[PDB]
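Next comes just one chain, in structure tokens: the form solved without this ligand.
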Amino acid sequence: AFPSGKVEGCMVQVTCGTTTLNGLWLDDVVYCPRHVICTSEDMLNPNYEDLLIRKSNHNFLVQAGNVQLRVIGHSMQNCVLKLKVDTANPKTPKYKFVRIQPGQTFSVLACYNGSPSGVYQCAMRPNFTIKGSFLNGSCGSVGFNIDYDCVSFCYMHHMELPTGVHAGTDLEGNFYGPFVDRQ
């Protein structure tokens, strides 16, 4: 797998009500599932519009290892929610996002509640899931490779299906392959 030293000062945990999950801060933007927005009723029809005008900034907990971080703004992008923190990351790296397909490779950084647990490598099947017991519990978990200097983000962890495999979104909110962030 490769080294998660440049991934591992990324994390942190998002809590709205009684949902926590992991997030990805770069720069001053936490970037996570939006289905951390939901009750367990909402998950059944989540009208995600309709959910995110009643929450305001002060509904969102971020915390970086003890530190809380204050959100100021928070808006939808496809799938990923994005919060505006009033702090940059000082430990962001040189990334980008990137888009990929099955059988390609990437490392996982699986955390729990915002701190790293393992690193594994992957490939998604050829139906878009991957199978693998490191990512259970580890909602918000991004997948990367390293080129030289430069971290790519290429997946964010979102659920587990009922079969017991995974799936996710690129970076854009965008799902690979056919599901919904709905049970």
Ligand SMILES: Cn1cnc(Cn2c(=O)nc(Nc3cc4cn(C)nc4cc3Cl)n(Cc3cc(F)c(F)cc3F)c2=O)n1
Given for the second form:
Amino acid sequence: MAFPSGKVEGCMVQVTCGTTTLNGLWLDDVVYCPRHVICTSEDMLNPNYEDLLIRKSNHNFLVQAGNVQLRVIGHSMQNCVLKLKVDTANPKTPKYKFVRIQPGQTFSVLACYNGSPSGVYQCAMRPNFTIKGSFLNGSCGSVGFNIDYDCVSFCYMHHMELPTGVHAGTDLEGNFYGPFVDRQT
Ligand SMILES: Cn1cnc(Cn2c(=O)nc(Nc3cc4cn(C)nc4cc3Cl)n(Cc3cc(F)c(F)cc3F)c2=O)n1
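Target state, the form solved in complex with this ligand; input state, the form solved without this ligand:
All chains and molecules follow, beginning with the one already shown.
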């Protein structure tokens, strides 16, 4: 039962900080993405995110909507998500809300790679707050949603695959579902 993905496809962007790259969600004039993007490969195992944040400037972020670069004019960190303020509002922004779902609820996921939509499928949140998704490498920042009439409810931002092959992430305010932390361990 996956929801049609057209309204979300127009919101996906590629976010690059140095050589680390993942997917971002562009709504109005804000891009949301996992804060993990500010890690170099050596920081990924045990990042000090407050320190890494101090060291970055707006011009260290490259945001691409397709072949169009968007100018970053502000950035801030909210729990495990980074919010990049860009100088252009997304003209395909749908009506949307952010919601936090519970175990047992289902949602659709738009898997993206390097900012480009790749597939859509339905998932359920398990009681241990993991999901059995279909995510490959490069899918970090892909989002889960439901459609509520005309309104897109965003409920899941993908961060990591765990050793057993299931997946974990945050709501759109950056709070993990479950007892996980955004580090490569
Ligand atoms: C197999 N699989 C299924 N889902 C995933 C999701 N995922 C991902 O796509 N990427 C990750 N690490 C990165 C490596 C990078 C190399 N470059 C050049 N840029 C990169 C950017 C990322 Cl995000 N990871 C690992 C991971 C991502 C996190 F956000 C986190 F907090 C901890 C982690 F261990 C990953 O799971 N891969």
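Numbering follows the first chain given and starts at 1. We call the rigid core the largest set of C-alpha positions that still match within 1.5 Å between the two forms.
After superposition on the rigid core, the single residue among 115, 56, 68, 136 whose C-alpha moves by 2 Å or more between the two forms is 136.
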